[PDB]
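Given only the sequences and the hints, what does the whole structure look like? Please build it.
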Amino acid sequence: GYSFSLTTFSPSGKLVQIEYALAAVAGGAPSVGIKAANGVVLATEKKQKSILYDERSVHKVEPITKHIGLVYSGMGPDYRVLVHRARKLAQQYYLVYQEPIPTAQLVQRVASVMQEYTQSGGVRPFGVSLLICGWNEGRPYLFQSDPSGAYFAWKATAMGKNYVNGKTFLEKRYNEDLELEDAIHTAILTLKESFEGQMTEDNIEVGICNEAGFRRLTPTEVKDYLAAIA
Amino acid sequence: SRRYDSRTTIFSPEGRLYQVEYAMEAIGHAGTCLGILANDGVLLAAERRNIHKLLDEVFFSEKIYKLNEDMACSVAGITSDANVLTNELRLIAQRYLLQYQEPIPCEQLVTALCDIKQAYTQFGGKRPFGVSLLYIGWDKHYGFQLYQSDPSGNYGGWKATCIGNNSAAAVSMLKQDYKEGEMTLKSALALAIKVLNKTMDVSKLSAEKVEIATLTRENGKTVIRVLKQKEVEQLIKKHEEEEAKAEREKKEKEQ
Amino acid sequence: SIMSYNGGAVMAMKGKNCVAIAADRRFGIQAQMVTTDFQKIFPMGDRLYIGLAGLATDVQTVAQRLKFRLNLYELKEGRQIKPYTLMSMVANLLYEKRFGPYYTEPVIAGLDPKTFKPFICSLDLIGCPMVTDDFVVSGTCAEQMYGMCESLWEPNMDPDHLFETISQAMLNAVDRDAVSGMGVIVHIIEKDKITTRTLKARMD
Amino acid sequence: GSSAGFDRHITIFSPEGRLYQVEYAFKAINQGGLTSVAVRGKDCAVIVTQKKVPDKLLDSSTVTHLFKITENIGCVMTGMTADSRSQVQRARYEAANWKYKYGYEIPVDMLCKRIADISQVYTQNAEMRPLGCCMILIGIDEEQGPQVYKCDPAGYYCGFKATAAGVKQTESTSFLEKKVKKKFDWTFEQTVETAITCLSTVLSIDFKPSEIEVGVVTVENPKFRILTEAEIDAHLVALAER
Amino acid sequence: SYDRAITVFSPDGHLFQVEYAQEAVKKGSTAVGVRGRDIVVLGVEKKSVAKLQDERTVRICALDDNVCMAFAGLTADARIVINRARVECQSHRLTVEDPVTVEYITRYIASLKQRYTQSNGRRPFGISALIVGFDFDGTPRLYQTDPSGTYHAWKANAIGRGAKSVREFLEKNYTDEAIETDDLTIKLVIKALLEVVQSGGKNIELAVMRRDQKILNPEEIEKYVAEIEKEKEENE
Amino acid sequence: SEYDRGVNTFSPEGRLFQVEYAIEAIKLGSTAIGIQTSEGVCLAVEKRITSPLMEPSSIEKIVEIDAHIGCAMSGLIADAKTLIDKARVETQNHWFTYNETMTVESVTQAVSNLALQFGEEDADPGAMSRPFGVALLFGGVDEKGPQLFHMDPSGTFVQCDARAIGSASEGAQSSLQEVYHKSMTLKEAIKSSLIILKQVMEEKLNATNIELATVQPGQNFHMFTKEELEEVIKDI
Amino acid sequence: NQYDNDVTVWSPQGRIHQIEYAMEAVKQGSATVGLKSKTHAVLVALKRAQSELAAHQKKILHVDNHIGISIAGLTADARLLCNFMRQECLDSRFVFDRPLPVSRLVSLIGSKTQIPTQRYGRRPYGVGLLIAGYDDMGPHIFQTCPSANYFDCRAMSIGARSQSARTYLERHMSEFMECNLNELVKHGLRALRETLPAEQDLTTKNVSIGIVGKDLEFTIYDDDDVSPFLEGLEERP
Amino acid sequence: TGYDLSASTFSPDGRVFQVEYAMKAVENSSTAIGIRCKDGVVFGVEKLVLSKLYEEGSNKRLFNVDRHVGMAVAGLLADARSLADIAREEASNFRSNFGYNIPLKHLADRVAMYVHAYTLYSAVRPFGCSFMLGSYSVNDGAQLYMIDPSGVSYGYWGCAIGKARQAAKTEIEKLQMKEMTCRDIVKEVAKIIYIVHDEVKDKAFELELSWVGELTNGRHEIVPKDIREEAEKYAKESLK
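Residue numbers (the deposited numbering), protein chains in the order written: chain B, 5 to 234; chain C, 2 to 256; chain J, 2 to 205; chain A, 4 to 245; chain D, 2 to 60, 62 to 215, 218 to 240; chain E, 6 to 241; chain F, 4 to 240; chain G, 6 to 245.
A hint or two may mislead.
Claimed, not checked - For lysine-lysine, the following DSS-like pairs were computed, each having C-alpha atoms within a straight-line distance of at most 27 Å:
no.	chain 1	residue 1	chain 2	residue 2
1	E	91	F	61
2	D	47	C	180
3	D	52	D	166
4	A	211	B	50
5	B	70	J	77
6	A	54	G	110
7	G	183	G	43
8	G	230	G	208
9	A	226	B	51
10	G	179	A	59
11	A	181	B	51
12	B	53	A	181
13	C	141	C	67
14	F	30	G	208
15	E	91	D	157
16	J	77	C	222
17	B	64	B	171
18	B	70	J	115
19	B	50	A	116
20	B	171	C	251
21	G	65	G	230
22	B	70	J	83
23	A	211	G	174
24	C	67	B	159
25	G	183	A	59
26	A	55	G	29
27	C	67	J	68
28	D	47	D	157
29	A	54	G	179
30	D	48	C	180
31	A	226	B	50
32	G	174	G	196
33	D	227	D	174
34	C	210	B	176
35	F	115	G	65
36	G	196	A	211
37	A	102	A	226
Just so you know, the hints here were simulated from the structure itself, not pulled from any lab data.
Below you can see the structure in the form of structure tokens.
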């Protein structure tokens, strides 16, 4: 292997490989996350190129534990690597402390993993950003982790293509007293703001966290919500 | 392999370590952190770069980290590198407590971290850590202490100092207004608000843009406290009242 | 037996909104007494305590390593540890040395840092947790303590009656064991105060 | 299409967030001049590949891109031949180890996921290059039916109703899209007919039994089967009499 | 691990990295050492920030009870080298049961620096050192080490910025009269430092070492500086 | 650029670049002369003293390998310390195992084995990154009599009758050609070497700026004291 | 040039320039000749050093009672290879109580030398070898090149200006098989003389000889020992 | 641009140029030929003699990899020898683990994978050799495989490697080799070798012949001298 760093400092003080990874993130499919009073909603666009694609095969919304869920923007293979790492970390925490891991702890450990790839030898950063949802201590959590290894806590946020417009939309439409159904409607509206074509239950993917846990919505439920929106 | 090697740990023809200088440039652009040492306490004051309306409050602080029962730090630069370094600082302190069964002195912790940071400038072919740190603490040998460290592995003890954006102007103001040996925590908080007022020129001073942490001794225990937004708003109101009074007395002289 | 080399007895008891933890004070090498103020109960929180019985070197080693791990946990998490989580942490520490065991048996007594619910548990040589609603004992005089505790314990005791019960149990149990005794110390843990008492005991 | 540094020589990011070496690895698949089509049906999965023997001095048995991973999983490889063989060996090892560790036969989707995970490492570590090969897997899952999966050098894997790989992939994709939109739940004969017709139409070649290879899997016989020349000729004469 | 060759030869027979480390030394603070009859004198230039520096835990460092060191160059490198030297001094006390000789510790430090000019994955130390001390037989000793591993013994020397000028001054002013008493040697050191250090004597730290045993506070340094200005005026 | 080539790269003419550059570093050092006679071996070197403040007694260009073997060094003197320690350890291990003294040729061969052991990869941690910038002259007495050997950074060692190494080697070698005969006495050899050294040195030869050592059959390794040096210098 | 600095880089012509540069080291070195009769094997070496005081550098080395080698190029690489060969022969005697066959030794050398030519940051061995040996199959002369290629020769010369020696040997090679020892050695000496500039001649100082045979351990004749052979050698044309 | 300096670099059009340069190294070598008939395999090499000082049997290009398996190489001889040792070790390990003689297809696959492992990294260089493996057994019959510097292994009826490969292939296609015997094949191999040799550029050469079949009891060996000299007579007659 190569023992030297591929990410170095520029004369202006920038780590330019991290910025190019962020450029990879900004070209990906849009993702939205909203924190309601009783839950969290993560929504993404999976617009396949052809009818030949079997929609039940690959999922962009993934469970990490019973109460933690993940979504991404950027490069998919890197996302799979990070999902495997996160699931292993949660299992190690459970084996040591006999408790399901808090969301913030998972975010911190995964962000450490992402930082390692900005300084290790012979590797590039991860070209993916992550939205993390959880329910701990009777309270919902939403976090964002970027290629550098930095994590932020959000009430609502958007990632991917047209994320600035999504941010303004969410600013205008977000409220503290939102309940989860209103949040789901708002998330689908944010995705509609930047969508080409007809939004069906098969080209978007939604997941929700509440007191019962994290679950991925079936296409039937998404069709019901889409009929409500339209 | 030789073709792709960036050669981070070598000398320039002028004796300079270029990656360290570039990391110093990175620190010059981060959020401001000032530390002020008093007779009864020590304080850290940072500016918050996470000021979006859709951001959520959780945890304890954004830039202030608690390393021990008696020590705390504030970081400027790359945040992920800061997370790495603070984890390592906590580990060093707990290893000392295991070995000697006493709390670690502050300068020993700073020296250990600075040895780690010097290692990255001399061998390994990896990039340095782009983070400067301010440390505040209390130990039984020297009392209340304030230290600074930079990516080269250099550290120094200070009575008042600033790192980050516009730190030279802040240091000039501190040199002008710091009173040696006659400083209380209250007057230190006033001075911190004044310096942060002149350093945060891009946007004027509101409580949601600053965080203040205090270290004091009470009944033989060390207390580290992050000020609530109420107290910071009180401090800013006091600053504005004092400034208005000074302006009025300035307009008083001619009549 | 390598456990009986130094002796020692620890006991934990459950009340109504309170917990009590008691220990003996002797430090000795087999039959010889060395000191009469040996610490066997350590604070792991404001309302959480751990008592260790067994080989005194392992007692001190385990206490110090446990404080290492607990301090790191509380710095990383920004919270105070729950008693069940501490039980799991201790069990993990003890089972990491499965084939080179620490010769200590712990009891944990505390109140939950939010709902203030009593918790007591015991762990054996390698870390099998035992959670009980009445009492737990550990040491060289375990059978004696078992008899006293089975005879005296009642549900829903107030702090004063809990103190009387645990004090009588410990005193009368250690009076029948040769390598345990030389004083008893009791901690009564409530929501609003910790009460530490030293008992008038036999010094023979 | 900007660049800065060694971003065209190693797997690092370009200013636009692209990995040029992965795109060049995709270009490598088209070197070889072959095309493959995989089609899924009601109870069957079929892979049809182009077979070219330039030399009469070549032993035609050894020129094959259809491989057997387990008794029930089959694959067709497209691209650089040595890289393809390397990936086939890796897949066989992984399936055998799954059977040893977990006690049941590996699902097709999990095998594709493992292969794509291995491929991702080559796009993150700079001392190795990607493999210039595409893998198509077919199998029968006793809960979901026929399965057709594809993995590429980037680390992407997906499951398909029908797919193609190679030089003429875009035209074959268009043909199959039209055929799938007019949906008929395909019988075994209809599936084989569809695959062979796609290959013929896109290549503009009337096939001789020796110019193609066909590999099938069915619910009734779940074992991966390679068709002999007689069976292929039966299918071809049926296609002509249409 | 990182196994690149950093220090290599150039076409003219030069080790460029060593020369660049010598440039780094040339950028550092000025240190002057004078060897006396009974004392050894070590003076350094201070970079002082007005009112804001805390100089309570800062010391010119001690390797043992009997050896002192002054450095010029990269301060973090100097800290590393000092800690290694201290560990070696304790090992020598353990293994030989006698205190170190000044030359022994100088040899250890020079060999460490040379090792870093010929190892894979490492750059040279950017520090030059002056080492002063007393042997068991009570002879005063002063040694200098270079980033390349070259160590010599000197009567008077200077390292750091403007060390060439200070060395010319010492060459013209180091005579046997000037070493007769402690005050004359301290005046020689202070004059040499004043050659290149400007602003005055508040930028000067002075340490004096005596047999089987001293830091000059600012007021005594000012006393000596006033005496020097007097003796200079009496030339006219 | 400096890092286009590796350290183990051949030139189009068939020579390792780093070795050629190190041999060029040899030309920058002080002049050492060695003469072999039937009565013993003479080694003379010049101390290159840069300042009057330097104590010439800390310059060791001639060392004792064993009671029968001595070495004179030219070039990058700090690099020579590793080789000398290896030589001393080899001679003592030989005495431990075989209860006899080593031959000069065996010592030279053992030291020459280290010369090309440099590289970047496929080498153990603690391996060398560059060649050695020293030339060595070994002089000793064994059962074959008085032996003088020359070693250069390439690893090549030869046996010589008279030999000069360092900056002034070519002219000194010509003079040695003129004055050497097989029937010389050790006193004549000492005088001739000092005459040549005086000829090539840029300073004036006195008893403090040179070193002389001899090895004779029966007498051990001898470093000339200042008084014996003055006795010899009087004749020149 | 971007193709001439590493041993791992192929040129567009299909060559590795570092190996050719390493062969240049053998071409620069001093010349050696080797020849075999039906009973003996002879190595003749032209010793030289930098100056007259500097004794002529050692070119013929002793490997085993039945094997000796001559050197051209980098002497330290030659000593590395010599130590490797000595250890291999010793291991053969330890395990099988018999001498190692010469062909198997040359195979082991070729295996050792090829590895560095395939790995990054390594270099070839800049040494050319001539191996003289005797075993159950008779006398053998072998040549080793830095490219890791080895040859079984009837006769061979390597070094500087060795083409003239090779020409002489080709002209006279049919005689060698039927010669006695002195005649064979004189043939080798004449071939070696063919490389010297026209003024230089063969003296007892600049010539080393190495002989192995049916009933003779490998012997190195240097100095007075070579006077018996240099006797009766006609002047050059 | 430097798209051709490492084996871990693709060119914009999808080519690894270092492997292609290794193939160029193979094309400069002298020609080796292998012909397979129902009962065996015959190998023929044109071995150029670069000087008359070289013995007969110097620089052999035909190797015994196993008692039933033979190898014919072209390109860089040192790389070929290292590969021969790799193949020998593979065969030995197979016999020690599974207890019988390795099948030729399996051996070819293993060696081809070892060769392919050198086409992926910047730390190693591709092999500059191509080779043919030939074998006979009663169960498997007669097998002839060829492996190139990229790691591709294919089975053949007739194969040629080196400088005159195309002309040799043209000559091999004129034989109905399936219904021929090994004795006829030796004479035809010698004839083809003598046809493709260029006397003007290449001076002189030896003919190296070997075979494996039921005639040899599944043992790979050098063709006996009388058969070789008879075949050489036939070849020289055919050239007029």
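Going through the hints against the structure:
As the CA atoms of residue 91(E) and residue 61(F) are separated by approximately 24 Å, the hinted pair is consistent with the 27 Å bound. Note on residue 47(D) and residue 180(C): the hinted pairing holds, with a Cα-Cα distance of about 23 Å set against a maximum of 27 Å. A threshold of 27 Å between alpha carbons decides the hint, and for residue 52(D) with residue 166(D) the separation of about 32 Å lies outside it, so the pair is violated. Using a Cα cut-off of 27 Å, the hinted pair residue 211(A) and residue 50(B) is violated, with the two alpha carbons roughly 41 Å apart.
A C-alpha spacing of about 22 Å is found between residue 70(B) and residue 77(J), which places the hinted pair at or below 27 Å, so the restraint holds. Between residue 54(A) and residue 110(G), the direct Cα distance comes to roughly 20 Å. Compliance with the 27 Å bound is thereby established for this hinted pair. Our distance criterion of 27 Å between C-alpha atoms is met by residue 183(G) and residue 43(G), whose separation comes to about 6 Å. A C-alpha spacing of about 23 Å is found between residue 230(G) and residue 208(G), which places the hinted pair at or below 27 Å, so the restraint holds.
Between residue 226(A) and residue 51(B) the alpha-carbon distance is near 34 Å, which puts this suggested pair outside the 27 Å criterion. Distance restraint check for residue 179(G) and residue 59(A): the Cα-Cα separation of roughly 11 Å lies within the 27 Å cut-off, and the hinted pair is therefore satisfied. With a C-alpha separation of about 19 Å, the suggested pairing of residue 181(A) with residue 51(B) holds against the 27 Å cut-off. As the CA atoms of residue 53(B) and residue 181(A) are separated by approximately 14 Å, the hinted pair is consistent with the 27 Å bound.
Annotation: proposed proximity of residue 141(C) to residue 67(C) holds, straight-line Cα distance about 19 Å (limit 27 Å). A distance of roughly 24 Å separates the Cα atoms of residue 30(F) and residue 208(G); the hinted pair therefore holds under the 27 Å criterion. A hinted pair counts as satisfied when its Cα atoms are at most 27 Å apart, and residue 91(E) with residue 157(D) does not qualify at roughly 32 Å. Proximity of residue 77(J) to residue 222(C) is assessed by CA-CA distance (about 21 Å); at most 27 Å being required, the pair is judged to hold.
For the hint pairing residue 64(B) with residue 171(B), the CA-to-CA distance comes to about 21 Å; that is within 27 Å, so the pair holds. About 24 Å separates the Cα atoms of residue 70(B) and residue 115(J), which keeps this hinted pair within 27 Å; it holds. Note on residue 50(B) and residue 116(A): the hinted pairing holds, with a Cα-Cα distance of about 19 Å set against a maximum of 27 Å. Of the pairs offered as hints, the one joining residue 171(B) and residue 251(C) is violated, with about 47 Å between alpha carbons and a cut-off of 27 Å exceeded.
A distance of roughly 16 Å separates the Cα atoms of residue 65(G) and residue 230(G); the hinted pair therefore holds under the 27 Å criterion. About 21 Å separates the Cα atoms of residue 70(B) and residue 83(J), which keeps this hinted pair within 27 Å; it holds. For the given pair, residue 211(A) sits about 26 Å from residue 174(G) by alpha-carbon distance, which is consistent with the 27 Å threshold. At most 27 Å may separate the alpha-carbon atoms for a hinted pair to count; residue 67(C) and residue 159(B) meet this at roughly 26 Å.
With a C-alpha separation of about 13 Å, the suggested pairing of residue 183(G) with residue 59(A) holds against the 27 Å cut-off. As the CA atoms of residue 55(A) and residue 29(G) are separated by approximately 25 Å, the hinted pair is consistent with the 27 Å bound. A hinted pair counts as satisfied when its Cα atoms are at most 27 Å apart, and residue 67(C) with residue 68(J) qualifies at roughly 17 Å. Taken as a hint, the residue 47(D) and residue 157(D) pair is honoured in the structure, with Cα atoms around 24 Å apart against an allowance of 27 Å.
A distance of roughly 24 Å separates the Cα atoms of residue 54(A) and residue 179(G); the hinted pair therefore holds under the 27 Å criterion. For a cut-off of 27 Å, the pair hint linking residue 48(D) to residue 180(C) stands: about 21 Å separates their Cα positions. For the hint linking residue 226(A) to residue 50(B), the alpha-carbon distance of about 34 Å lies beyond 27 Å, and the restraint is violated. Note on residue 174(G) and residue 196(G): the hinted pairing holds, with a Cα-Cα distance of about 13 Å set against a maximum of 27 Å.
This hinted pair checks out: residue 227(D) and residue 174(D) have alpha carbons roughly 24 Å apart, not beyond 27 Å. As the CA atoms of residue 210(C) and residue 176(B) are separated by approximately 22 Å, the hinted pair is consistent with the 27 Å bound. For the hint linking residue 115(F) to residue 65(G), the alpha-carbon distance of about 19 Å falls within 27 Å, and the restraint holds. Restraint check for residue 196(G) and residue 211(A): the C-alpha separation of about 36 Å exceeds 27 Å, so the hint is violated.
Among the hinted pairs, residue 102(A) with residue 226(A) is consistent with the structure: their alpha-carbon atoms are about 16 Å apart, no more than 27 Å.
Of the hints listed earlier, those the structure fails to meet are numbers 3, 4, 9, 15, 20, 31, 36, in rising order.
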